[PDB]
Amino acid sequence: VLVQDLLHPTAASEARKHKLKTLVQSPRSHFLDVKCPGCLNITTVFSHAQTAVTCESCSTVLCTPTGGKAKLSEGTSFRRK
Amino acid sequence: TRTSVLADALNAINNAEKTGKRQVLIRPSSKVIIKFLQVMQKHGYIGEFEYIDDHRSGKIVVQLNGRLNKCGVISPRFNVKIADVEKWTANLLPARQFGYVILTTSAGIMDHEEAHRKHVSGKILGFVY
Amino acid sequence: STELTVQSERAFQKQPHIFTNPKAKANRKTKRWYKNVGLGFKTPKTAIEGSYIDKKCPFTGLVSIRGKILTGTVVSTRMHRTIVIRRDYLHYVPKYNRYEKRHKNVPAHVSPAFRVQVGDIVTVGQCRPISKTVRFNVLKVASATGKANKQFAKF
Amino acid sequence: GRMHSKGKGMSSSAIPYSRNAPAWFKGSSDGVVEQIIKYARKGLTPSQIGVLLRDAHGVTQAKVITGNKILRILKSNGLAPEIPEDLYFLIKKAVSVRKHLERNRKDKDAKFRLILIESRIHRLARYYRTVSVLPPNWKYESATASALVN
Amino acid sequence: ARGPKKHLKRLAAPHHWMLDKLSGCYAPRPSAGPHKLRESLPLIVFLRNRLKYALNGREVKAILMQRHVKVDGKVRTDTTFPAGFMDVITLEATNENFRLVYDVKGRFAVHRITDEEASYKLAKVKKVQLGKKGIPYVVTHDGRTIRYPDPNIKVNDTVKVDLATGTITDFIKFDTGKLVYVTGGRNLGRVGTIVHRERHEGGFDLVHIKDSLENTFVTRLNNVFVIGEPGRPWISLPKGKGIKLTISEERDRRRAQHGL
Amino acid sequence: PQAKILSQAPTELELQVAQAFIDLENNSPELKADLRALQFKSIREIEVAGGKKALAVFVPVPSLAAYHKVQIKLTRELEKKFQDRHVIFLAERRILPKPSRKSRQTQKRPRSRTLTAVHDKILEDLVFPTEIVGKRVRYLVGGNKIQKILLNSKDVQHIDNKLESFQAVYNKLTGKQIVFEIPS
RNA sequence: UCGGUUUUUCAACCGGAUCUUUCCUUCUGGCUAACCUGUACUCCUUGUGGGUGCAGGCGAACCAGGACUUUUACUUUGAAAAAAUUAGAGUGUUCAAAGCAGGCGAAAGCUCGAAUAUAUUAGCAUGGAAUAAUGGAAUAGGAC
Ligand SMILES: [Mg+2]
Ligand SMILES: [Zn+2]
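Chains as they are written, first to last, in the numbering used here: chain A, 22 to 102; chain B, 1065 to 1193; chain C, 78 to 232; chain D, 169 to 318; chain E, 999 to 1258; chain F, 69 to 252.
Accuracy of the hints is not assured; some may be wrong.
Calculated pairs, SDA-like style, for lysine to any residue (alpha carbon to alpha carbon, straight line, at most 25 Å) [what the hints assert, rightly or not]:
| no. | chain 1 | residue 1 | chain 2 | residue 2 |
| --- | --- | --- | --- | --- |
| 1 | D | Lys237 | F | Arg169 |
| 2 | A | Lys102 | D | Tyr185 |
| 3 | D | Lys206 | A | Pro48 |
| 4 | C | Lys224 | F | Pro178 |
| 5 | A | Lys90 | D | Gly235 |
| 6 | A | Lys102 | D | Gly235 |
| 7 | C | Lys108 | C | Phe118 |
| 8 | D | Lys231 | F | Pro178 |
| 9 | C | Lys231 | D | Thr213 |
| 10 | F | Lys216 | A | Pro48 |
| 11 | F | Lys222 | A | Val55 |
| 12 | A | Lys40 | F | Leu208 |
| 13 | B | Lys1082 | F | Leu208 |
| 14 | F | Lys189 | D | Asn188 |
| 15 | A | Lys102 | D | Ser186 |
| 16 | C | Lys172 | B | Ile1146 |
| 17 | B | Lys1187 | F | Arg169 |
| 18 | A | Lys42 | D | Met171 |
| 19 | B | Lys1145 | C | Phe118 |
| 20 | B | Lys1099 | F | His187 |
Examples of chain F residues toward chain D, derived with CB under 8 Å [what the hints assert, rightly or not]:
| no. | residue |
| --- | --- |
| 21 | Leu81 |
| 22 | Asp188 |
| 23 | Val201 |
To be clear, the hints were calculated from the coordinates, so they are not data collected in a lab.
C-beta atoms are modelled at their ideal positions from N, C-alpha and C, and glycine is treated no differently.
Turn these sequences into a full structure, and let the hints guide you.
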């Protein structure tokens, strides 16, 4: 289509394409720090956690991995960092 | 599997030319392809090539003039001797004198005329025009 | 290659025309003769240190080396003092501008000095027709790939 | 293209750029290494270890944080599996298939799948043999596979 | 099959004789001789065609058997006598002396010389052996042997022979930077100084040779024949100084010399 | 200071750097005890074409981690004290020669001892903890290699007015033409 | 200038030499030839014009001797590929195919000849080291 800049892609166009198909092959996955209702400190959980996860000392389920992402149990607060 | 990366790149370029599109995306790229592109630029067949040669393998984007007609390959890279170069030119290049047969020689990757000047033939890598 | 059990045969093996004096003993008792073959192919110390026999030997025998020196891969040692070396190829057919692949099973002689195993790069030189097929004999044996003796089992 | 069955499938795990930092995902490399070692001791495959790391600890890749990959690290500390993970898994699968066949014989699809698996194993095996990993001559039939099991 | 070849066909003949391919079906096979059949030049090929002193075989025979003809020393009664390189032909009539030396392009040119230089032959050393009783002898390139030489004579060296006696007066040691003659192959009859040796292991040993016109050419030691110091030759060279001129140069010469 | 800092022997620049280091130590708690493992190899006060200068320091490769652990504040202090000359920390990486067709090949030659990768590493280092996310390369019509270096917008205030200087430094080091960029 | 000839101003096109942050197998010396050199100073235009010259010190300009060298596949150059034939010079076999002669004086006697090019691939030695494999130091028995 005459000219399209395949080096400066727009923020929406890149989003439209998946993961690897973009000019820079980077994960869409942002893995999170969690604040569970029991513990008092942050712990790292992956967005697509694969297996069962425990918080710190007590065996408390944080995320149930079904399909793509992880089903975060009950309702916890989280950031991208 | 993709066997010859350079070949694929050239095909892509050709397709772009056919379309009238003035940009490409060479997928695996690197080294040989880059040198080929440089050679082309030397005579001004492609406008300007820029690669996101990242931390993986490399991806070339070619902002091209569109003046290029066709750019071949031949992946059975035949060992060209100093005499049958003429024959090759006759076969591959359209005009008697316009166009460049790309040779990977011991002296480096360059066009046919340049190779002749250095008096070193090598192996055929491709051609433009 | 052979190794060990030297004289043990029907006829007792002698290095011909050369002699060791049985009247007085000197330092290392037996004198075994050896030649520096030439062409820059280094003599094995094991040929002098270890005392075998072999008339066909490039080093300790009356066998000389002049002609063409070829290199190939060791394929067959299921023999005795003989080695089958596959030479590689690129026979160019003019018609198609392309190369064939071919096999030449050059059979050669392996001096008891040299330790050779199946699947190794081997240098061979021309000789007097020493057998029906054997007209070559070992000059130097390198490593298998790069590792000397590191090939072992898992943890 | 996905070897045996027809179907392309572009399901692939991405790896990001800058093979050094992810800084706010803290913890020294030594600690990570120790954790890995512990996991190995408890009896887990490198892949499994990686998965565990993904689950719990502030890691991205061991090749990023430490200088080495997980298998390499294991090799260095002499805590590697007998038959390199994937191969082991394949052999297990083969064994299972054989058992199934023994139980019920006429299942021809199963037989076909077994054959495919065997072929795959052979393919793997040859390459392993080449890269000086496994000792020369390695049989993958019911006389040895059964013995291997785990 | 069966035995040695006696005849020779006028096509199977060596090239640098330039014999008339049509007139005649047999060439002269030179007899058993000093030089190699390929290198050597027989008298009938020379006398009949190069000098034009005869026109027939009978004529040649007449010339020879009357014993006016002398090669290096003796007369040689036979027709088919092999005369190769550096050999002196003294004819008793008018004292027309020749040395058989090659030309620029490879031919045995009729080089006319006086009795002063036509008194000694130059001879390449083939081998040095210690013979019976413990006697060193030197082997000339013309098969000839001289017993008791200079002890510092090695192979590829060149030696003076006074012809009247089988004796060495002087020799030119083989040295890089000594003017030389080439005797065979694609490059024949050219002259240069020898730049560098290539020693090599097991057969075939090359030397790089440079002429006055700055044109390098590499040749085997087999065809290399030393003439002397750079600047001074020991043998008078054919016209054009025996330097292999380019085709263009030849054309120019042709186009410059239209004189009548 | 001749054995503590220099690791070699000569040069007035080296002496100056040592003096600066000593001055930095005189602060006492956080800026003395935290930094006594550091060694200062070759320094080149290399200039930007028309303007300010840049102090290009080379330091040991077995460390670097230590420098990263400290750095930043130290660099700032150096900038403050030695007047308007841009401090840069680099590693003395060897670059082993290309295995020729002739010449005796001593060892495999480590992939850590190449050219291009080494240069990339240097580039990564030279930009003080800000990090690259793209090494895109423009190749001009004439035949000139010019590299864009993609920087993330998160913390660019540390460099900001040092980009040109950085580029100049890189050019002086190699000859490769370098540019830095931040996306929207 | 008496149609050819080379400096300069400039372009282009390689080639080789270079230190470059980055090396040519390596020395055991033979031998050095030239200066980083300088020891005395000067022939002489006020002196880096000019170098004979031996006591610290240039490796390559090849000699001969080891020690080991990842190997090849390519390609270049060279050597080879007997002649006849083919391609192709020169030459009025009356022309032509031919052949290899002839042509030129004063027609009383002296010189140009009879070239070269390919004929590929298999081996032979070199220039090149991009392309394509191949192999280096992971249980280091690794390197200097
Ligand atoms: Mg013809
Ligand atoms: Zn809780």
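Interface hint for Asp188/F, Cβ within 8 Å of any Cβ on chain D: 11 Å, violated
Given hint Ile1146/B paired with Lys172/C - CA-CA distance at most 25 Å: 18 Å, holds
Under the criterion that the straight-line Cα-Cα distance not exceed 25 Å, is the pair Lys42/A, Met171/D satisfied? 22 Å, holds
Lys1099/B and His187/F were given as a pair; does the straight-line alpha-carbon distance stay at or below 25 Å? Holds - the C-alpha atoms of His187/F and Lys1099/B are around 20 Å apart, at most 25 Å.
Would you check the hint for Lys1187/B and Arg169/F, treating anything up to 25 Å between C-alpha atoms as holding? 19 Å, holds
Restraint status (C-alpha distance of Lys189/F to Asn188/D at most 25 Å): Measuring from Cα to Cα gives roughly 11 Å; hence the hint holds.
Taking 25 Å as the top limit, are the C-alpha atoms of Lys102/A and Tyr185/D close enough? 17 Å, holds
Is the Cα-Cα distance between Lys90/A and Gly235/D 25 Å or less? 30 Å, violated
Within a Cα-Cα threshold of 25 Å, do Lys108/C and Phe118/C meet the stated pairing? 23 Å, holds
Against chain D, run the beta carbon of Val201/F and see if the smallest gap drops under 8 Å. Result: holds, 6 Å to nearest chain D Cβ.
For the pair supplied as a hint, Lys216/F and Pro48/A, is the alpha-carbon distance within the 25 Å limit? It holds: about 22 Å lies between the C-alpha atoms, which stays within 25 Å.
Need the status of pair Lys102/A, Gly235/D: alpha-carbon distance at most 25 Å? 24 Å, holds
When held up to the earlier numbered hints, the structure conflicts with 1, 3, 5, 12, 19, 21, 22 and fits the remainder.
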